[PDB]
Every structure is written in structure tokens, then in C-alpha cells.
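There is one chain below, alone, in C-alpha cells, taken in the form deposited without this ligand.
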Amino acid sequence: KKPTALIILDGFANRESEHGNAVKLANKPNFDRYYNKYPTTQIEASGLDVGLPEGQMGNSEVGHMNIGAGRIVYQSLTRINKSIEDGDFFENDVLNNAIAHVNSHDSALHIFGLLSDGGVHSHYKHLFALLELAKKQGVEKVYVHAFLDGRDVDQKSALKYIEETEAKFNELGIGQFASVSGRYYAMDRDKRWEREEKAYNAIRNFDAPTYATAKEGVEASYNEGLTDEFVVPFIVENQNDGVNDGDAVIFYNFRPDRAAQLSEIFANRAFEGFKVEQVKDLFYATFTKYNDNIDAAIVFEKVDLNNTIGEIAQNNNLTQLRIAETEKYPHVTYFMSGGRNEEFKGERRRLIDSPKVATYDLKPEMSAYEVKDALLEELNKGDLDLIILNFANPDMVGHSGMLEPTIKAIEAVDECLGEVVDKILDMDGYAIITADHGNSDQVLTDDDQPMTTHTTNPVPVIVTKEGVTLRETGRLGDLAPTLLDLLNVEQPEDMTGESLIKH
């Protein structure tokens, strides 16, 4: 059996500058020999090319979902952005039923959400689109409950989003701030119900301070040394008439973890974090499904991905291995399989334990040698058609923002890569060597401070097949087509990416 392997060097990309560039400063003679011998190109792993907004750096979850899917997998922010840009949003059934509930009960529409452009949990421009829809459908009373950010965006930036939003209310002639809460209170995720109950009480016009304007309460908070995230919830005088029977709520956050708790308070009948009388006849709508204990109408339902690489392998009676150390094990399993835990038929997996250290600069090789020794043991069985391997080190060590250890991490991975790839070539097989986004390519700012994040840089591709030319550009969704091409397996129509090998 001739194996084909995808080998993901996590957080390893192409960047022109050598300054703070561990990829370029490392001694990587195996990678370099493969790169000089075999066909090569580079592909995009950030922004629109992987289903993220323009200018947004790639990441492991979105990267491995795009790799495994063989298509661009649109993440929530972009999905919703595009729904707004092309009209479907204003047609959405769930939002229009929310509105029909209010219109038909002569009650109130409430909107909850993180009021920033952070884009991790929400985007405030989706609030504006909801205001427009409500206005088009003639709703009269819209109450906006602002949760302030300061965490995904500058720590004192709330006043500018509030200012713009107040102009939106005036421009559309609809909506008002009813309550204002730091995300500390409204978006807690550790079952600290005391914090939540403060946000609830302000939303509901029960117990809270009151100020005349959103600006005034935030400015008062700044004065006491409490920035955005930590603003004590408050009610806006004469602009809050409570959440009453018959009302509707639309929560525009798309990220589940920090939105679930507040939603359980309102719309989990079994909620017992503290005592409540829940609203009767409440239409509670969430932009996504936050958990299965919230009785909500879901605005953007999850889409299951059919025919990821692993499902195609299965349906061609191939065997596959997923292998990584702990830190990238969900990536090569769950995310690779399109957000599915269950193994495919003919799939087996190998988890290697990562070291238990606070930061991986303390052991730059991590468990890369044991991953490689596991993989060698597996290949010696001679029964694998497909391998998906991730070497975690460059991303996990690179996050430390320390150059010499990130270099050593890369050098450790290069030693393992030589052993893995030479064994595969020995077996008359093929490797695709690539990455899921950048990081170790830049671990220093231009002024030599630690830089600890991913990059937007494009990622290398090496395909270890002689006498073939790669396409000049492409994207992560092209990698699984390239695997199928190497395996001579037919590619189904719902994999819309394209093999990197030219024909």
C-alpha cells in the first residue's frame, strides 16, 4: 500500500523579511532539500480565501476546517456579512417571525449584543442591519441592550461605537439604548451568576444605576477607573420599559460560549442560577445556536459539511490515520472531519500527549519526536492509504514571541519531517508538506518586542511527486483536491476547490 500524507507544519508561512523570522533563520535541511527537489507553490490561508473577513489572520480551527473540506468554509461573520450584502438577511424567516410576533402583539423588540467591531463574538454592523429590517417592517418600539467590549478591541473604545449607534437611531428614526453593560457581566462564561444577574436586572429595568445617556454612564465608569469590559450595568433613563410578556429578543452575537448564559436566564425554563420569573410569550431569537438548553429560534443554523476528505476516503474503501500531539489533536480529528467527532469507517487515530508546560518555549521540540516515532510505527504496518499529520511546534512555540526557542522548535520538526517523508518516499508514496496559517515566520515586531500572534502570510506547499508542475496560487481548500489527485480518487462536486497539480 502506497501512502499519501498531508503534513501540516502548524503556524509556518512565507514572509520576505528575515527579521524575527524563525522559518528563515532556522536550519531546516530536510525541508530545504524537499523544497529544492520537488514541485512547490504557495497558497492563501487568511481572509476571504478561508472564509474570514479581509485582513483577518488565519487560525488552526478555520484552517483545518478548510483543509479537510476542499472548499472555502465560510465562518459566521462572513456568512452573515454576505447575507446582509446580498439581501437574504432581510428575508430571513426567523428574524421576520420575531418581528411578526412583536407586530402582532403590539409589544417591544429588544436587541442584545456586543457593541463593537471586534468580530470575535459579534459585529455591531449586524445591529444596524437589524434596525433597518425592523424599520422596513414598521416596528415601533426597539430597545437596544449594549454589551461593551474593550477586549476584542481597544480597552477604551465604547464611546465611539455608542456615538455611531446613536447617529444610526437618528438616521433611521428607530431604536434607543435601554441598558448598557460591560461584557464582564453580560458575557461571562464561567457560571458566575452574580455578574450575569446585574446585567439581567438592568436589561429588565429591575435593580441598577441609571444615567441619561449611554455616554454619560460610560464616562462615569471611566472616571472611577473602570474601562469598557467592566462597566457596571446601567439603565438609560426613560428609555427602558422592561422585558414584558409578548416581547421579542434578537441576540446578534454569533459565538456561543459567552452568549449562552444570559440566554439561559431568559429562555431556559429549567434555569436555576438564580431565581427568576421568566417572560411569558417571549420570542427569543439567537444568531446561532448557543447550546441545546435554550429555547430559541436560530437565525443562522449550522451547516453540516458533506464529502470532507475523510468521508471521501471512506467511500473509496481507503484507510486513514489522523495523528498529532494534544495541542493539534482536535485539529486533525474533529476540525479535519468538518466538525465531527465520530471516526469514519477505516479511520484510526493517534493522540501523542503534549508536554505539560505553561508555555512551549520551555520545550521547543514538544512531543514531535514521539509523534514521528508513532507515525513510523504506523507506516511500517503498510496498511494506510491516507495520513493527516500535524506538527504543532512552530505555532505553539511561536506564540511565545521568543526567537531562539521558535528556531529550535522548527529545527526539531525538520529532523522529524526528514524521517517521515523519507519513509513515505521509500514506500513509493507521496507527501504534501504545507501549513494551516502563519505564526513562526514572525515572532518579533520591527522594534524587537515579542510578537505572539498568527500572521496573514501565505503558506508553502511542497508536493513530493516528480515531473509535475503546481499552480501558482490557490488556497487551503485546494489541498484536499490535491490529495485525491495523488490518490487517483474521483473528486465530488461539493468539493469546490481545485488540485494544485496542473494537468
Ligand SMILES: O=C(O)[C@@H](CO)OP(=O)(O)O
Given for the second form:
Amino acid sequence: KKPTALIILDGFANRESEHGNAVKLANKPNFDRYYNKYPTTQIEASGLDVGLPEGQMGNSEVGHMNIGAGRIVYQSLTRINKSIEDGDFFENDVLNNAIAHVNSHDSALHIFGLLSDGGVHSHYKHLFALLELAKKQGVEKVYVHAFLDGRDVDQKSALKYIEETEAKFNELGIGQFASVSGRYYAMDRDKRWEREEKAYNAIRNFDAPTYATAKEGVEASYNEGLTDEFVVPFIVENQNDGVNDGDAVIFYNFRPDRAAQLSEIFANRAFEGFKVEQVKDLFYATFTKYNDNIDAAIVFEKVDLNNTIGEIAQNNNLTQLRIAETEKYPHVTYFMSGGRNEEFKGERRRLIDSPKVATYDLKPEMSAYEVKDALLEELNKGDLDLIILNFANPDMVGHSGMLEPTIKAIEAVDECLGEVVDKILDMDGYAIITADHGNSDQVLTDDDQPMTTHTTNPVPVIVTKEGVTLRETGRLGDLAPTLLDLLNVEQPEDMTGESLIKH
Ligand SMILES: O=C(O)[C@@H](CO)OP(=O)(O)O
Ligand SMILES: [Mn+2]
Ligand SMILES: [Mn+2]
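Form deposited without this ligand done, so how does the form deposited with this ligand bound look?
Next comes the full complex, and the chain you just saw is listed first.
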């Protein structure tokens, strides 16, 4: 068996400036020799090319999903944005049923969510689209329960989103703020139920302070030293008639982890965090499915990915190995397989333990040498068709925002890379050396401060096949089609990416 390997250098991208660029400052002779001998291009790993909004840096989860799927895998924000822009949203069955529920019970429509443009948990423009829909179907009025951010956005920005939303209410002729809670309260994820109860009591017009306007209560918080995230939940005077039997709730958050708890309070009949009298005939709609214990109608259902690279390999009777250290093991397993834990037939996996340190600058080599030795051990068995390998280090050490450790990390990876790839080449196989998004290409601001984040830069691709030229650009969703090309395996239609290899 001639092996073909995808070797993912996590958080390793192409950036022109050398300043604070560990990728360019590192001595990486093995990478450079392959780069100088073999065909090379660069592909996009951020924004719309990976199913994220324009301007948004790529990441490990999204990047490994796109890589394994061989297509653009649209994430929640973009999917909902596109649904709005193209009209589907306003036809959505769950949203129109929530409105039929209100109209048929003469009851009230409530809207919960994180009122910012952070884009991690929500996007407040989706609130405006719901208000437009409610107005269109004649709802009359809509109680909006605002959860303030200050964490995925500037710590004191709530007043701008509140102002703009107040103008929407006037413009569209519908809706009002009913309650206002910092996300510390409404969006806990550590089962601190006393924080949640305060949000719940405001939303319900039970126990809470009241202010005449959303602005007033936020400004009162500011004057006390409590910024957006920490606003103590409050009620907006005369604008909150409670959540009563017959009502409907739409929760526009799309990220499960911080929306689940509040949703359990309203809509898990088994909820025991604190004692409640649940609303009867409550229509409870969540933008996504937050967990299995919430009785909700799901506005945007999870889409399963058929014919990821691993499934195609299976269906061609090929064997495959997924391998990485702990820190990127879910990436090369679960995410690579399209969000599936189960092994395919023919699949085996190798987990190497990551060191137990708070920040990986303390051991820049991490477990890269043990990953390399496990891999050499597997390739010496001679029974692998496909290998999916990730070297975690450039991303994990780069997050430290420290240049010398990040350089050392890349240099350790380079030494391992040369042993892995030379072995693949002795076995008459092929490697694609690339990345899932950038990070280590920039670990310093232009003013020499630590920079601890991913980048939007395009990622390198080297394909260790002679006599071929690569296409000039492309995206992560093109990698799996390139592996299939190298394996001489037919690409199915639902893999819409294109081989980077020119024919
Ligand atoms: O709550 C979350 O999941 C987001 C914050 O927007 O990340 P973290 O909480 O870990 O900052
Ligand atoms: Mn990554
Ligand atoms: Mn990262």
C-alpha cells in the first residue's frame, strides 16, 4: 500500500510581513526543501471560503469540518444570513407556526437573544428579521428580552445596539424591550442557577429592579461600575406583561452552550435547578437544537454531511488513520468525519497525550515527537491507504503571543515533518502539507505587543507529487478532492470542492 497523507500544520499561514511571524523566522529546512522541490499553492481558510462571514478568521473546528467534507460547510451565522437574504427565513415553518400559536391563543410573542453583532452566539440583525416577519403576519406586539454582550464585542457597546433596536421598533412599527440582562446571568454555562434565576425573574416580570427604558437601566449599571456583560437583570416599566399560558418564545441564539440553561428553565419539564411553575401551552422555538432535554421546535436543523473523505475511503475499501495529540484529536476525528464520533470501517485512530500545561510556550515541542514516532510505527505496518495527521504546535504555542517559543514549536514540527514525509516518499506515497487556518504567522502586533489570535491569512499547500502543477488559489474544501485525485478514487457529486491538481 502506497500511503497518501494529509498533514495539517495547525495555525500556520502565509503572511508577507516578517514582523512577529514565527513561520518565516523559524529554521524549517524540511518544509523549505519540499516547498522548493514540489508543487505549491495557497488556499483560503477564513471567511466565506469556509462558511463563515466575510472578515472572520478561520478556526480549528470549522477548518477541520471543511477539510474533511470536501465542500464549503456553511456555519450557523452564514446559513441564517443567507436564509434571510434569499427569503427562505420568512417562509420558515417553525417561525410561522410560533406565530400561528400566538395568533390562535390571543397571546404574546417573546424574543430572547444576545443583542450584539459578536457573531459567536447570535447576531442582532436576526432579531430585526424576526420583527419584520412578526409584523408581516400581523402579530401586533412582541416582547424582546435583551441579553447584553460586552464579551464578543467591546465591553461597553450595549447602548449602541439598544439605540439601533429602539429605532427598528419605531421604523417597523412593532416590538419593545421587556427585560434586559447581562449575559453573565442569562447565558451562564456552568449550572450556576442563582445567576440564571435573576434573568428568569426579570423576563417573567417577577422579582427584579425596573427602569423606564433599556438605556436608563444600562446607564445606571455603568454608573455603578457594572459593564454590559454584568448588567443585573431588569424589567422595563410598563413594557413587560410576563410570560403567560399560551405565549410563544423565539430564542435567536444559534450557539448551544450558553442558551441551553435558560431554555431548560422554560422548556425542560424535568428542570430541577430551582423550583418553577412552567408556562402552559408554551410554544418554544430555538434557532438551533441546544440539547435533548429541551422541548423545542428547531428553526434550523442540523445537516448531516454525507461523503466526507473518511466515508469515501470506507466505500472504496481503503484503510485510514487519524492521528494527533490531545489538543487536535477531536479535529482529526469528530470534525474531520463531519461531526461524527463513530469510526468508519477501515478507520483506526491514535491519540497521543498532550502535555498538561497551562500555556504551551512551556513546552513548545509539545508531544510532536511522540506523534511522529507513533506515525512511523503505523506506516511500518504497510497497511494504510490514507493518513490524516495534525501537528498541533504552531496554533497551540502561537496562542501564547510569544515569538521565541512559537519559533521553537515550528522548528520541532519541521524536524518531525521531515521524518514523516521522507518515510511516505520511501513508500512511494504522497503527502499534502497544509494548514487549517493561520495563527503563528503573527504573534506580535505591529507595536510589539502579544497577539494571541488566529489570522485571516491564506494557508500553504505542498503536494509531494512530481510532474504536476497546482491551481493558483482555492479553499479548504478543495483538499479532500485533491487527496481523492492522489488516491485515484472517484469523487462523488456532493463533494463540490475541486482537486488542486491541474489536469
Ligand atoms: O460563551 C462562549 O462560549 C463564548 C463567549 O462568547 O466563548 P467564551 O465563553 O468561552 O468566552
Ligand atoms: Mn486549527
Ligand atoms: Mn486555536
